[PDB]
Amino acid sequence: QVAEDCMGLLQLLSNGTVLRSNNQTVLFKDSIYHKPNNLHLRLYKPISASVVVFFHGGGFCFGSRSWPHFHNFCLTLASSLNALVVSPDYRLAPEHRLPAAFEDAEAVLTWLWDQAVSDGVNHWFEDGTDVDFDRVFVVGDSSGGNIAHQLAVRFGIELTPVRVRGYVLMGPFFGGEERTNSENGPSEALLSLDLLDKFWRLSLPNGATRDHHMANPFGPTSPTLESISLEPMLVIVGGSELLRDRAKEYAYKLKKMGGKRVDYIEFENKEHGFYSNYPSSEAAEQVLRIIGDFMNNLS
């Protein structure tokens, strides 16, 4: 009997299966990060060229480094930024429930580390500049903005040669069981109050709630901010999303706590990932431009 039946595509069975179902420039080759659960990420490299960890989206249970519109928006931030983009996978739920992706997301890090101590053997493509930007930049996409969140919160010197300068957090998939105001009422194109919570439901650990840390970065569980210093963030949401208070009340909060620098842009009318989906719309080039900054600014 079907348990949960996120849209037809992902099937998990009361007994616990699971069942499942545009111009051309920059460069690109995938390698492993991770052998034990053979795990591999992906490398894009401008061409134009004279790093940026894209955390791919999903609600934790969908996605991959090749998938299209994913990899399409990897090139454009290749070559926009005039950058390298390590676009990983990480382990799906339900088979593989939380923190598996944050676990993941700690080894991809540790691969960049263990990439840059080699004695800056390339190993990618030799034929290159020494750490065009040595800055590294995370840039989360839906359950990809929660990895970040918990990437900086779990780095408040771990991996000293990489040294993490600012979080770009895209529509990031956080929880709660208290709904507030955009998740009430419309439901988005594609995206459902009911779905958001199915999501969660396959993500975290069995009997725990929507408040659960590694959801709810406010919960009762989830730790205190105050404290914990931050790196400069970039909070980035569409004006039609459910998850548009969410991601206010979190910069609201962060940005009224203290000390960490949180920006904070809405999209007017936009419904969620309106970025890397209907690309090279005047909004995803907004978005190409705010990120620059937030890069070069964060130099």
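Positions refer to the first chain, counted from 1. Note that the rigid core is defined as the largest set of C-alphas that superpose within 1.5 Å between two forms. Compared with the form deposited in another entry:
Superposed on the rigid core, the two forms differ between these two forms by 2 Å or more at the C-alpha of one listed residue only; from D134, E95, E226, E103 that residue is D134. Once the rigid core is overlaid between these two forms, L12 counts among the residues whose Cα shifts by 2 Å or more. If you fit the rigid core between these two forms, you'll see the Cα of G120 move by 2 angstroms or more.
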The other form holds:
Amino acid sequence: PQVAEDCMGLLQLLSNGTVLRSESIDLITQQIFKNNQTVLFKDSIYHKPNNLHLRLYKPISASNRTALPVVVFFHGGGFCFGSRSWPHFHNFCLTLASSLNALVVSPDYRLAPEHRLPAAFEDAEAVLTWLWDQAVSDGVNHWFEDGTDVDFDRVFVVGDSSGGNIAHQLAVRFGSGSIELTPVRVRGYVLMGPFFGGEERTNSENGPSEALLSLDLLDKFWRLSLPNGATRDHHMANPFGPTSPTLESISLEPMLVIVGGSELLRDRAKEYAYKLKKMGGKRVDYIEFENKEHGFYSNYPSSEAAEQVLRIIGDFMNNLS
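Form deposited in another entry, following the form deposited in one PDB entry:
Nothing else is written out below except the one chain.
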């Protein structure tokens, strides 16, 4: 059907996103006559050939008091959907910058099935390299109109869903020594409902569907984003597949895994965290929010559970800074 060549172009338009001309500001309400705060943000290209952009967020109050830590946020979308400019993700990043008092980097990455995996992992590394280039060239001073003091020794990666998988890949590439980006130092990783996969199903994966996520949809994501002929046991989907790099040899940074108690992916995430803990010298914290489904932290901002995730991530950063 010619309408098939048409839905193809719908996803592309849907996730293409727009680019801000100049820097912008927004008012964000604080935790608990609402207390508010301003956040400065703007888009920048980080990979010219692919026309890939990222958004920089700076909480104005905190930036005028101390050097800011860096949070690199990778949005979700099953490797097939999403843009940094989507209000859903833009709002979460505003909350991240303001609540964490951190400079937030929110990059786009190429989406499947047009750009199958590992296209996205390749883009995530380009983001970190772009950050290195900015750190060693005083590019940070030109990020916004005024100056900005950033502490590249305190970088944290926060991955949501498919972005959580991305974060794991980066943690492996760094922990293995395959790449090194002094003076950029990634002190920890946060995996929110990480999009991990596997040929065999877990208990939770076999449970009832969620409000939006179903096993069929997850399988659908994997087979649109994995290379043709690959199974869900490929290392890009399963962190402990037959060819998955032995994480015992590599030294993983401190990991924080956060999932909802009612998530399809809860079991795979729990299995992942406990396999790391019982691996030696691995600081891995696992936090399960009872009765919550996938993406609660971003689907319901200003909800009590979302605010607790923010607090936990901040305490995680403080303990490592």
